[PDB]
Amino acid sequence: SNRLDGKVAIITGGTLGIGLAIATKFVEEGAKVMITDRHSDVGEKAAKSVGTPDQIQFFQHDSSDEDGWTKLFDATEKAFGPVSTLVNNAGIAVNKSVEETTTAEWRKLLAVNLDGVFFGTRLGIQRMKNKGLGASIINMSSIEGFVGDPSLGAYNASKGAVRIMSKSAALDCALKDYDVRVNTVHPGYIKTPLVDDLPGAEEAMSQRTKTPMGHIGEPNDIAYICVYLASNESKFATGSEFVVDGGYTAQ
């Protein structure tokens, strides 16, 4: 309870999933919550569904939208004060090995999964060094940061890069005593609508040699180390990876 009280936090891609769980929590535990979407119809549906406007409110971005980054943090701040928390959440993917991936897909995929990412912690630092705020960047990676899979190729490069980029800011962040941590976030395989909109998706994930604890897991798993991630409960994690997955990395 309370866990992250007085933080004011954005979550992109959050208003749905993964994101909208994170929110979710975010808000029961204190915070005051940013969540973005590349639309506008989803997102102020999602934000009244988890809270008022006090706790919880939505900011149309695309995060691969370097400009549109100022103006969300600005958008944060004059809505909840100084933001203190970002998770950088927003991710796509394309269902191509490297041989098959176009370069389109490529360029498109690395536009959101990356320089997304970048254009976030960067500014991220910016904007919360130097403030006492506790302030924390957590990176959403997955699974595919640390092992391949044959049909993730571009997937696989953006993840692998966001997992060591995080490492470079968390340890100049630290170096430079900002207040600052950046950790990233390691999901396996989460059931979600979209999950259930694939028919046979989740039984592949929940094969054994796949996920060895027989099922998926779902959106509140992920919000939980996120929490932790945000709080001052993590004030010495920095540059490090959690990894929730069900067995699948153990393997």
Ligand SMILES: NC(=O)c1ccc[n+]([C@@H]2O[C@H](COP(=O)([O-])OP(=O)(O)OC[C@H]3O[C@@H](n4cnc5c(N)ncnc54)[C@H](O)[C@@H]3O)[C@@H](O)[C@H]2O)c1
Contents of the next structure:
There are 4 protein chains.
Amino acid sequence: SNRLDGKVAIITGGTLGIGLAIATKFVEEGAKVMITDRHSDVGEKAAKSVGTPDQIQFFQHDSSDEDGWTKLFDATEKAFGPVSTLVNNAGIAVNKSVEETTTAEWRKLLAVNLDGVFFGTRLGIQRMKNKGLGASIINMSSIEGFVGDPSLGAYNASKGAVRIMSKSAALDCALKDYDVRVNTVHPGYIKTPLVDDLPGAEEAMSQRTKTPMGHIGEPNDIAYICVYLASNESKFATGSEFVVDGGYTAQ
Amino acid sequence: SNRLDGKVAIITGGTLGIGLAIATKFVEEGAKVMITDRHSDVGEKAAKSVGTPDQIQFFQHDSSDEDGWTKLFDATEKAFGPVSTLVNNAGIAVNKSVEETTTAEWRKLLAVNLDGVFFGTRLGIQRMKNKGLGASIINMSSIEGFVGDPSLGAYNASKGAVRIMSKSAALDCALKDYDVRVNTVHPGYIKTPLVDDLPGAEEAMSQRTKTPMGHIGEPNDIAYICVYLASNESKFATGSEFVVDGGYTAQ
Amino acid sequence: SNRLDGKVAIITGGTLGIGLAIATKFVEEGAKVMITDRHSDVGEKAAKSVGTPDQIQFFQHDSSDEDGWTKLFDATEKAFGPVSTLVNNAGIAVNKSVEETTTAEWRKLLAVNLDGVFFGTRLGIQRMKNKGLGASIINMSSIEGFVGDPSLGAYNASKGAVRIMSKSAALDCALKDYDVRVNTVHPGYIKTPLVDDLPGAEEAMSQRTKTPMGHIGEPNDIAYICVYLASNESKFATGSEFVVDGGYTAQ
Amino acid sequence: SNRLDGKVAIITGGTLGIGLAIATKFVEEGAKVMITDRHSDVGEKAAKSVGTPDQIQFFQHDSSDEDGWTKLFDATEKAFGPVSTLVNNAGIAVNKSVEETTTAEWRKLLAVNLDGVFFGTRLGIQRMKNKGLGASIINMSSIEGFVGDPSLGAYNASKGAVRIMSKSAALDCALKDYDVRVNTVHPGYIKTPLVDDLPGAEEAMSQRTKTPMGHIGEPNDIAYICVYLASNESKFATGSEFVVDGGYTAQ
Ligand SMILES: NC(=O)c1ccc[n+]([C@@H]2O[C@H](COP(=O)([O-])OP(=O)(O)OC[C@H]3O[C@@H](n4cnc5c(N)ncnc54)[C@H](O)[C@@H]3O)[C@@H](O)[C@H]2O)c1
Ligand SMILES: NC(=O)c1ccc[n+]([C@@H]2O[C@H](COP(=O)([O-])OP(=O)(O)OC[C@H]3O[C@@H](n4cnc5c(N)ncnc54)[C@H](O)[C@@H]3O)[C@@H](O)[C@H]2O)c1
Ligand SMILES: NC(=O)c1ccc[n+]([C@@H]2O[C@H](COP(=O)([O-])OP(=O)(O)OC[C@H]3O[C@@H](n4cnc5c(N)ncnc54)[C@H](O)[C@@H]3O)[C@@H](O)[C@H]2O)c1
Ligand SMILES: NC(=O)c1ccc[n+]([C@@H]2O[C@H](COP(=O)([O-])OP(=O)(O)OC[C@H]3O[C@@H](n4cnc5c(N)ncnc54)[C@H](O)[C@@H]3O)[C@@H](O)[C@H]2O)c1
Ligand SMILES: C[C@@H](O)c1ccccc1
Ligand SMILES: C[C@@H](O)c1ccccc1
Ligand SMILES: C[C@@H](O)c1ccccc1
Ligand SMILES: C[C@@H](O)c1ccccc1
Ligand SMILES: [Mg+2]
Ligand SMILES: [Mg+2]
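To complete the pair, please output the form deposited with the named molecule bound; the form solved without the named molecule was given just before.
Okay, now the whole complex, with that chain kicking things off.
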């Protein structure tokens, strides 16, 4: 209760799975939230399922859309006042090795997972700096920002990029006394309705050679680390990586 | 409020600075706490300053004392019921390079910072495994478990050891379904009454070439990450390192 | 002598500084080498300065140019036989924070430093797999693939991407028995004619708070680690990062 | 040929497996070598198998024996002149989890793997500093200095300690202009006569979920990275970790 009192958050890809759980817990802790998706049908339903409009709203936007990012911040501030918190959660995957990645696949994934995170981080710093908000940018950067996977080549590129670009942003914000922190969160495998629709995936993710806990996580596992990072409890954490992975990367 | 309801925690070196703040926040969140120190004069005063005995007690014990560790767990369970949470926070430093470290200094520091953490982790696993407690062992492993410092040679050895030994323990507990998680916390420089008594230290720690935020942290900065790790909010986090350092290691 | 006997190497940006030294040592160790640059005036002069045409040639190509990559491999094989070794060394920098990076700057840097490395790695795997060549792809991925720099935001993104994308490629090549290794090299600051033309840069790079050795490196420092990685001496090294930085990242 | 001309090296545990291969390649490259073991029967045979006495000798010494370390340096200098190079390779393992490690096991393993490496590094700095030797201390610090293993608890502690203590030493030597570098080498699984005597071990080590190359390494794989680190080719490498692991840690 009340751990995010006063905060105003944007959560990209906030309509499903991890993003939806972040949104849910953010509201529970007193934040106002704007969630996004490119699909209005998913997004309108998502917001109402979490709370009322004084709590949470939806804004249609593809995170790869640079100009839209500006529209999104303006809509959030109109609704709730100045934005304090940004969670760059929208992302896609391609199940190709580097060798078998088409250039179109490469460009499409980087547009969402890398360009989109850049656009959001850049704008967030500009919009949040120097306002006494206790501002926090949380970038989703994966276990696949630490280790490779032979069939996630472009995804690995994007997650390693986010991991280190976030450090750059963290450092500049700290050195300039901007009152903006930047950190990354690195989920392991998480159970969602989507993973459920991939036959055998959860079982495969749960083998001990993959996740030593022997099972995969839940959306709220990622929500709770995001609450900590969004809150003023984490006012001395910047430039760091927060891993919640069931032991995946420990072996 | 209530984030640690039902938990029973031991915090070594829990009478001052970081440990005292962990203890304070743990009680605030509903945990019962046993704090330790080798000095009874510091410890008795510390516990009363935080809460009443149904909340928090003191047990005299040097973490390097293997047999005492057993006494400590028994006293904690007598007071509060079965222990769920262990924070291995006791530690010392020597301001010597590797070259200038005496063997006596080496052995003394390893006895507290490495042997003590081993004894606590080993016993904690034995005492906590298989009880449905949502058990959590939090080992303090420093920014100096990631980077070297030319004048902290033995300290660096100890912190690197804790960092990776904790992964081992995490993995075995996960693979065996013990219901015990093991993680490390890595503070940067934190302001305490002790740092204050070291002339020039805070200023030195606050230079941008050291801590990019331009200031050092506070004890509660470490308390709040420990609350997260002790709580069931972090049930999918094991084998990982949680850094709260003002950007120190990001550059 | 003879450590690269039989090898046929492409070195992008092989006409100056680090790339030129890699080329020089590669020839000295028996490799045939094709160096590239987008500028024919630099490139033709560079090759002749190292050796004769049976040893080393130049091919004009911007590493961001996807179609050219194909032309480059064909020209190298025409000259020297099947390519065994690729050093993705071409790169650019922008001295902007994330906040102050224009979208045009972002795209331009990623085109060279990320897309170019992807194109080369992807093609190299296809062209080198399954030929008994002891093939090796060496990707230049910087100290700035480990730590952030407040004024190198896009560069940091690119280097973190290369760092982890290379692991993906390494893993897939290993799992498929392709006889291709992929590793990254991470230079610290190196003295070149270019650094010399940046007033104050070497001195700034040589402060102990930056490079603890108190001086910066030389091009041959990077050449020698590349010889090791190109050679069959390193036949069990894949998916790893090789740092040569004067201690920069150790503190 | 000649890459270690003039060098005088001590290699602890230099009589078998990895250490023996390091010794072999060091002699081939022009170094004089003193190898150690606690067992004179293994050691005398080992030296003669590599070369003559003007090349390589044996000195009986347990690396956990502090006073002996002094005897060892004196004997090496008597034979060959001032020592330039130290490879701290002696080590033991215990196949126990943290939970199941006895205190006697803990102390015994730390005595060799941690205390021994400390004693050698400390003495090496004192004996090598300020002599224009291009001195290099190479500490064997394992894949198990990066990742945990549930059945190698004490070993993990020791290897994480070596990993970070070496950074400390590297930094102090660099800052003080000692002309001593300190780096760590991190082998994955390597085939030796000992591994061969552990039924099923190589096959187990070679599963793709362990070593993605699908096989384990050979002793010379570690020898060649040590030649690079001992040589002046690596004069700008200090405080770094060199991993040769078949992809083990990349996934
Ligand atoms: N689910 C897992 O097992 C898992 C594992 C590792 C990492 N991750 C990462 O965690 C993050 C969140 O996962 P998730 O559960 O919300 O994903 P999800 O699999 O449940 O669904 C995909 C999500 O991505 C968002 N999205 C995709 N493309 C978008 C675009 N162009 N614009 C805006 N939004 C877009 C959608 O809103 C959607 O919620 C992602 O970045 C993902 O890469 C997830
Ligand atoms: N204060 C900082 O700036 C800082 C910076 C980096 C890391 N750390 C680490 O954080 C942890 C906690 O710091 P702190 O503020 O509580 O320390 P502190 O400097 O305030 O005081 C030392 C603490 O260590 C404990 N301690 C020392 N030796 C002990 C022994 N033999 N047995 C039991 N307890 C013992 C004491 O209880 C005391 O509270 C330590 O492990 C320390 O190494 C602290
Ligand atoms: N010089 C340093 O201090 C330093 C420090 C850290 C990292 N690095 C990295 O090391 C690598 C090599 O450095 P360097 O000394 O050769 O660089 P350099 O500064 O001496 O010169 C730039 C080099 O990049 C190449 N290049 C740039 N854009 C290119 C393009 N579009 N197509 C083809 N080639 C292109 C050129 O051939 C040129 O040799 C680079 O990737 C750089 O990012 C260098
Ligand atoms: N062989 C592998 O698969 C493997 C895998 C990972 C790490 N390592 C590490 O690599 C290093 C070298 O391996 P190896 O092949 O030489 O070992 P080995 O298994 O072949 O034989 C053990 C070696 O350790 C030395 N040794 C053990 N205790 C000693 C003591 N008290 N004093 C002096 N010397 C002692 C012996 O000389 C012997 O050569 C070791 O530190 C080991 O921990 C080996
Ligand atoms: C790593 C995770 O995001 C994932 C990617 C592709 C397919 C399944 C899971
Ligand atoms: C790293 C921190 O624990 C410290 C150690 C010695 C002196 C001051 C601070
Ligand atoms: C990191 C190195 O490549 C660099 C980048 C920009 C300016 C100077 C040096
Ligand atoms: C990690 C390696 O040194 C090992 C340890 C114990 C048994 C087998 C192999
Ligand atoms: Mg640093
Ligand atoms: Mg792994």
